[PDB]
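Before any questions on how it binds or moves, here is one chain, the form deposited in one PDB entry, in structure tokens.
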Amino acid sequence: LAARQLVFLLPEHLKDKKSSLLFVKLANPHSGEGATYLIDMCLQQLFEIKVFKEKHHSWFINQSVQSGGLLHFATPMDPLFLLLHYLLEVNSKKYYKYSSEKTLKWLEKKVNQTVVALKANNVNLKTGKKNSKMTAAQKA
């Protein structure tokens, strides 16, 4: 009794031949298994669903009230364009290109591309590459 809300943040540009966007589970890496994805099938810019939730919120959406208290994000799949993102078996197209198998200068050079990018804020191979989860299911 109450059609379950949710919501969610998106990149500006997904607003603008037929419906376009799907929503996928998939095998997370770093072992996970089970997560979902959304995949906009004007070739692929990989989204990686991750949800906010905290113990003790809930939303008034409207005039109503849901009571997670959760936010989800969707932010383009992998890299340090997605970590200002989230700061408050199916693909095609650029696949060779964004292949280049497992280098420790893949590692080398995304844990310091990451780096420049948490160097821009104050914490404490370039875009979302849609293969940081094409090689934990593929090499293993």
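Here the rigid core means the biggest group of C-alpha atoms that line up within 1.5 Å when the two forms are laid on top of each other. Positions refer to the first chain, counted from 1. First, how it differs from the form deposited in another entry.
- Residue showing a CA shift of 2 Å or more between these two forms (rigid core superposed; candidates 106, 37, 81, 59): 81.
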The other form holds:
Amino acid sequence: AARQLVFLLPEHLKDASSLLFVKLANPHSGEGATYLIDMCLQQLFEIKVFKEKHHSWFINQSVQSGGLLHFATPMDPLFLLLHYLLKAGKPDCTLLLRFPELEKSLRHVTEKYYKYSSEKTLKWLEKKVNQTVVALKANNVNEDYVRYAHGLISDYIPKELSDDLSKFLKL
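Having gone through the form deposited in one PDB entry, I am curious about the other one (the form deposited in another entry); can you provide its structure?
One chain, no partners, no other molecules: that is all that follows.
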């Protein structure tokens, strides 16, 4: 038979009150990855995969090998919009940034004229570590969290190797 995908999609995507899977550059490390973009509500989501050795699915009256579980999780375009400037230091990319509330979000890391800032980004990235420290306390992921919470944002940015000085010493 034809390959069946097992997705976990946010509850809202269902209602109309339009959906495109666009291959975009991996901001941390990699030439690319899958990203699902909401065109009606105008939002971004990343696609992660659960792959574990020796699993398969019984989907209705069929078997699907692998046992993959795909997730569409809300993405902060700030991580994805970082690579357009990141290379300066001082394919589907187009539709990706062009959305409402873009310029107001852009004034966090960078700034007609747009200019990248290393100072604001370090302040923003540090706030995220604490923001994800709150979640790690609520979700209870098994102080010591300082090193762990910093690490989670590293899988979303290559400037975390430049933020290894931001590890222990904040910046």
